[PDB]
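Q: Here's the letter readout for the chains.
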Amino acid sequence: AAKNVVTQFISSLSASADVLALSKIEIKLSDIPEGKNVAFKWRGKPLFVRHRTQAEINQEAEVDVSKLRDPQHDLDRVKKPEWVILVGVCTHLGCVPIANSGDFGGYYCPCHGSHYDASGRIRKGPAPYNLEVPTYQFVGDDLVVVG
Amino acid sequence: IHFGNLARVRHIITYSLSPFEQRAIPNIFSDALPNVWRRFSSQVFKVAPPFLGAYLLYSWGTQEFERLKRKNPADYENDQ
Amino acid sequence: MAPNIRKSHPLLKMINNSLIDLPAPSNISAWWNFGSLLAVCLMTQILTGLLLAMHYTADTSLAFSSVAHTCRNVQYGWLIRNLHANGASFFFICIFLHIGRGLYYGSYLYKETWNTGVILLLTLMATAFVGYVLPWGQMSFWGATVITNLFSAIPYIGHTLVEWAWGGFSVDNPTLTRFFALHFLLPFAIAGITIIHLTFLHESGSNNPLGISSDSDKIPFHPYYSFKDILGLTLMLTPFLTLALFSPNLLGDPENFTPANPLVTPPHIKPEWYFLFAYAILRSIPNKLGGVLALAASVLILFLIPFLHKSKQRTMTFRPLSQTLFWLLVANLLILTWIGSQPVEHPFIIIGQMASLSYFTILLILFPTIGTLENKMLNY
Amino acid sequence: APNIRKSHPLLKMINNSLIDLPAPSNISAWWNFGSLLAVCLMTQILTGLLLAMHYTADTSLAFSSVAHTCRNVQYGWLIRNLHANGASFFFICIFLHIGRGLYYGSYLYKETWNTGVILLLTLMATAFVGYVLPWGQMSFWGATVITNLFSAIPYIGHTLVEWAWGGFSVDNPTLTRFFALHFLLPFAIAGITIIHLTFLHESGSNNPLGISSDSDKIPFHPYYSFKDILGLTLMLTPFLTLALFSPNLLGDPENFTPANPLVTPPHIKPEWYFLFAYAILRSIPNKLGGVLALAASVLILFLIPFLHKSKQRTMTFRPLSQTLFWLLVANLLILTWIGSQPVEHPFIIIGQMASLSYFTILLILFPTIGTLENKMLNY
Amino acid sequence: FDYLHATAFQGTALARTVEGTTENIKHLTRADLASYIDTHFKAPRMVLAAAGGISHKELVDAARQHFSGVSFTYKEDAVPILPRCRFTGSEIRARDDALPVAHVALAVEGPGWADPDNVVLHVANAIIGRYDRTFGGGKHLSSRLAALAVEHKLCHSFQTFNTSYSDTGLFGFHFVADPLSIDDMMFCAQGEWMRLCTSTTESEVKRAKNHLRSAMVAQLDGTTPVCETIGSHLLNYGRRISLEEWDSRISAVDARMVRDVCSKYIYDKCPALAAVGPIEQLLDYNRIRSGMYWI
Amino acid sequence: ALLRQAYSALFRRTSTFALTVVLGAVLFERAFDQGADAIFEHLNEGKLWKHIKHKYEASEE
Ligand code: HEM
Ligand code: HEM
Ligand code: HEM
Ligand code: HEM
Ligand SMILES: CO/C=C(/C(=O)OC)c1ccccc1CSc1nc2cc(OC)ccc2s1
Ligand SMILES: CO/C=C(/C(=O)OC)c1ccccc1CSc1nc2cc(OC)ccc2s1
Ligand code: FES
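Top to bottom, those sequences are chains A, B, C, D, E and F. Take the first sequence: its position 139, counting from 1, is numbered 140 in this note's numbering, and each next residue is one higher. Take the second sequence: its position 25, counting from 1, is numbered 43 in this note's numbering, and each next residue is one higher. Take the third sequence: its position 139, counting from 1, is numbered 250 in this note's numbering, and each next residue is one higher. Take the fourth sequence: its position 261, counting from 1, is numbered 257 in this note's numbering, and each next residue is one higher. Take the fifth sequence: its position 159, counting from 1, is numbered 260 in this note's numbering, and each next residue is one higher. Take the sixth sequence: its position 36, counting from 1, is numbered 137 in this note's numbering, and each next residue is one higher.
Possibly wrong hints are sitting among the right ones.
Said to hold, decoys possible - Ranges between beta-carbon positions, derived for each pair: (1) C:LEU468 / D:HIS217: 18 to 28 angstroms; (2) A:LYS25 / C:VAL151: 22 to 32 angstroms; (3) F:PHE112 / E:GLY238: 53 to 63 angstroms; (4) D:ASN244 / C:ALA407: 17 to 27 angstroms; (5) D:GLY153 / A:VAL140: 20 to 30 angstroms; (6) D:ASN68 / C:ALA407: 25 to 35 angstroms; (7) C:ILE412 / B:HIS20: 28 to 38 angstroms; (8) A:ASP19 / B:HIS20: 52 to 62 angstroms.
Hints listed in this document are in silico derivations from the structure and should not be mistaken for laboratory results. A virtual CB, placed ideally from N, CA and C, is assigned to each residue, including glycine.
Start from the sequences and build out the full structure, keeping to the hints where you can.
A: Written out as structure tokens, the structure is:
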């Protein structure tokens, strides 16, 4: 009786049903063309889902900079070669980068600089880290769930 | 100190057994239940009567209130 | 020094002298259980209340919705709201039996203990009163409206006294926020006064059903009443868990599921059951000011109980006349509870006026009289 | 029992604590801050209650409700003013209260001392959750940075955080529970205080000389009843001056900008009374080590009574321990300064050394110098 | 001690006092007395013991002369097998507050003369020992209960006993204390009982054995105490146990054994309680009963 | 004798007693739950979602 009542009461402080409802987002890959960059909302903050032509999948696979400014290795958190999902938040003062031209083709943060390439790596700018990639599942194949 | 300075008692011997040497619920039908009736018997003529009389007031009060909702047909007996 | 560290340790000492080595009468009954019940019930209400408060929003535009969100989205939030709401009723059930015990077994002669008791009751009533407004339903708003609007019957000072308590010109958001703060605060006062309540008690120790000196036969609190109380706990806790987990919405007005609307008066504005007797006495006097006084007098009359004891014996065990007169009063309170739940029409009006009249008559006149009449039949 | 002051079970612990209570004849003004903390607690609770009666615990109404209180509630600007600055008066008095005990060996009242540390820890938690209530920028990001540390804990860490948050970030489920926590905790402080004083009345008060004061005890009233009130108005004048002339002197102006989870403030610093602990937190670059170093900075007070090696109780007749004490006090100032500054050279290495010496003085030098003193006393 | 037997062996023959009832003494007849003598004082149930400057052969000769004729039937030969006595976890409290000091005896059931565990129970009893306010040793006494009794002024006196009978016994303790020192005394006493079953060290029993050795030897100081031992050894053991043999049994006792034997007869057993005098501070069997487990 | 052995092996020593309580509770929970859920589900046959679940998934959609 004690174990249960305690268990129930402790549970009342963890995330509620409505909070849990906005933890999961799924992205239809059949709604993102090559030429435009589609970004959604997830957990209150922008979620970049970029589709690139072959001039980024190949030319930006050429990763330089001897000691990168943040431990980003493409054998880690990047699954698909034609897909890339990021947290649309700068790691400097936490603002959102625009996905037009910029410098390194990828993203540019209109606050303090910080030019991000196609892979979402930190280049010219004051940002202390790279970008951010969430913990997602991709077993859906036709769609990606960022649970 | 609350045990020791309570009362001056003399010439009283008490006997008791360990709980493990005796029954917890003994003589249910020979001693327990006959008293349960005795205790009910002694008090029920003090407890029940005002409660019984209270219910009567409730029963009348409710019925009378409901009766005052119904219409008196003698009101309209000459209405045309 | 002292041998063990149970009689020594200044923390474990009053833990020992209150719940372990504390001398108690050998023959106190189950009517002495409701003391420890109220204690546990208080700690239960505070805990369930804290858990609810961590999801509550004190605002007229979010109050109802936040409570609803708690029941619908918070894990077991439906249960914590369930336990806290019905637990408030368990509090009053135990406190009415706690009081009734003392009145029957002459426990009020512990005047300091008794007086701190009345104050504990008054704080409890105020606590449950302001907590009822928190969900901000129809019965919440209009219950708060009808009751607080009574203070304006006070001459001169009155109409200002109300608008100050409201923080405006009617019950609104300035009233809800301060009622939530008040509802959060008061139970801790109840906790504190309880410690004072028990302190005055430990001066003389507990009374017993016979009403005679129990120094000849005292037993340690543990294990005799430590076990007896826990039994009385689970015995009393089963009907209410049954109440809360089978018929949760049995006690309350369904009107409180309709969000507060200041432009629609509910047809029958009645309180919860534990206020019904007082509500009936309030409506006995048609005069607004007299009704307030009669309401206040209905509970404040407990302060006059110790000064209205005229019997040579403490309890009512050996007093058959005072016994039936006691049960008349208990039945009287039932009739009052019934009248309060009914509209202000015939015959409920005259029945209420008589029941409330007899209520004060029994306590003020007949109880000290019959007690005297008994003493002369005992040849004193 | 003749009078009803020694009899009345209510008036008798009122008598045996504030009237007839034997106190040492020579305790100084450093013994005033006990009763100051007591009054300051009752002051904070009252000003807090008055503020809470106008506060709305919601991320869409929190900032606005506090602003409404200052702008619309009669003297609401003052009650917010007193409660905010009163929280600082609490920490000023509690730092001097602690510093007194460390200097005059009052920690040897271990039960009294330990309940003291707990009172401090509850106070820090109380002021921490209260800071989130106005829901400004520094409120949110202060809550974000600190609570996000718990995720450094192995395995159980990431769940431990999201549970406390009630979500995936600091939001409305966090604000409502912090307000409930901020409402609750001061009453715990009140209760433990009664326990704190109970353990004290076992041995009575210590004195500057550190010797048996049974030879010269005086009644609390009127000697220290008057002395405390004097010490009250003496201390209450600078802070009323602070609150009624420079109200916004102590706090970050960033807290006037409503909380925005998409803009990180350039320099996320705490209030002044957390600055020393914040500096120690940032001394260790490792996130988990930083948390431990932070916890150790305050929990180290539990180890003070077991690190007493001197044959004499106080530091009055101990010149070596005296300067070493003032080194530690100056050490804490340097830590307070470092915490208010960005994580760059030379502030980084200065902070690492100041925080290193902080534990070194308490753990190593204080019991060592104390021993070295005893042999100079020929013991 | 009479009350202790009266409640420990309540409802049996051992519950009776040696002196008997007032009514019995009043009304006992010459026939009743002569009956007892003829029924009980019979040759096989008697032992002629002697000790001093006595030739054994000369003894049995004078014995052969005056200790007389043979029994005829088989009934008069056979030695009776007494009906068993039932122990009862119980208490008897004879309260008299006018009585200056209170007496308390607490005991569990013993093993009987035959059991070799009776040796260990005597070693254990030697550990706790005894005390009265004339013990010059004072606060420095080895006995823990005695030291606590001195430090806290717990009692006027306390003693431990292992009274053995044919098929049963009474392992326990008895103390005399002031009306307000009873509960603390009982507390410490039961604590040392648990300390026996739980914490007994080799160092403790190395002393206790030395005391018991010196005790049994002191028991035989003179002709009468030797004759008493001899007259009882035959009557209870069926033989004489030399001090040499006692030493062998005792010297084999170690701390691990004392713990086991005590845990067997003491731990979580419902004890028998006799309390006489101003006895308010000591109360409730349940509290005493809970003092029988976990040190 | 189960009673005698349950005493000496489990209930006698305070340490072994407490371990029985823990071990017994773990087993009781695992049993009481599955039993209670079973008694409740049978009393509501075909009424629960787990019963009507097969019509709209895991076979057809
Ligand atoms: C939150 C409210 C209360 C709590 C927690 C509480 C608690 C207790 C407890 C634990 C006891 C000892 C056990 C018992 O005698 O039942 C007790 C006794 C008593 N209480 Fe209360 N009580 C409360 C309310 C009241 C009220 C409302 C009254 C009177 C109007 C009262 C008057 C008394 C008296 C007279 C006794 C002594 C009973 C006796 O020994 O005969 N208390 N209380
Ligand atoms: C003796 C103690 C208490 C009593 C008698 C009491 C009584 C009540 C009552 C009658 C309600 C009305 C709920 C309903 O009918 O829907 C309520 C609601 C509420 N109470 Fe309490 N309460 C107590 C303690 C507390 C405490 C200590 C807290 C917070 C610290 C608290 C917080 C709340 C909250 C948030 C609600 C709104 C939830 C709801 O309306 O169901 N309560 N209380
Ligand atoms: C809300 C927090 C606190 C309150 C209300 C409080 C209250 C008091 C009071 C009234 C006294 C007696 C007057 C005096 O000696 O100054 C006292 C003494 C004392 N306090 Fe506190 N205190 C608090 C925090 C602390 C802390 C944080 C510590 C230690 C880390 C502590 C340890 C002590 C000690 C050791 C004494 C004895 C001083 C002596 O007699 O030499 N207290 N406290
Ligand atoms: C030792 C006791 C207390 C301490 C140390 C404390 C501390 C604080 C602090 C530091 C703030 C931040 C305000 C700001 O900087 O703008 C605050 C705000 C607040 N506190 Fe407290 N507080 C205490 C007691 C209470 C109590 C007892 C209550 C309510 C019952 C309360 C209610 C509030 C409210 C409503 C606010 C929001 C108003 C504001 O942000 O200015 N406080 N508190
Ligand atoms: C906010 O109103 C609360 C009511 C209620 O029953 O709360 C549980 C209520 C609802 C409808 C009609 C009337 C009421 C209250 S009747 C009442 N409320 C109180 C409150 C007191 O506190 C000291 C004392 C006496 C009384 S009598
Ligand atoms: C919600 O955050 C509150 C902060 C603050 O200073 O509150 C007064 C704050 C703001 C910015 C940066 C850091 C902080 C908190 S620093 C801190 N906060 C705490 C709280 C504790 O409670 C036990 C203990 C130690 C510490 S150290
Ligand atoms: S916020 Fe993106 S660069 Fe500073």
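Q: Against the range 20 to 30 angstroms, how does the distance between the Cβ atoms of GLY153 of chain D and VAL140 of chain A compare: consistent or not?
A: At roughly 27 angstroms between Cβ atoms, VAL140 of chain A and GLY153 of chain D fall inside 20 to 30 angstroms, so the hint holds.
Q: Evaluate the given range 28 to 38 angstroms for the C-beta pair formed by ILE412 of chain C and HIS20 of chain B.
A: holds, 34 angstroms
Q: With 22 to 32 angstroms as the target window, see if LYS25 of chain A and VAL151 of chain C comply at their CB atoms.
A: violated, 42 angstroms
Q: Just tell me: holds or violated, for the beta carbon distance of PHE112 of chain F and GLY238 of chain E against 53 to 63 angstroms?
A: With a Cβ separation near 41 angstroms, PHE112 of chain F and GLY238 of chain E fall outside 53 to 63 angstroms, so the hint is violated.
Q: Given a hinted range of 25 to 35 angstroms, is it respected by the beta-carbon distance of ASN68 of chain D and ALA407 of chain C?
A: holds, 34 angstroms
Q: Could you say whether the range 52 to 62 angstroms given as a hint is met by the Cβ separation of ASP19 of chain A and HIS20 of chain B?
A: holds, 56 angstroms
Q: Would you say the C-beta atoms of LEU468 of chain C and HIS217 of chain D sit inside 18 to 28 angstroms of each other?
A: violated, 52 angstroms
Q: Do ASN244 of chain D and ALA407 of chain C keep their Cβ atoms within the hinted range of 17 to 27 angstroms?
A: 47 angstroms Cβ-Cβ, so the 17 to 27 angstroms window is violated.
The structure does not agree with the numbered hints 1, 2, 3 and 4 stated previously, though it agrees with the rest.
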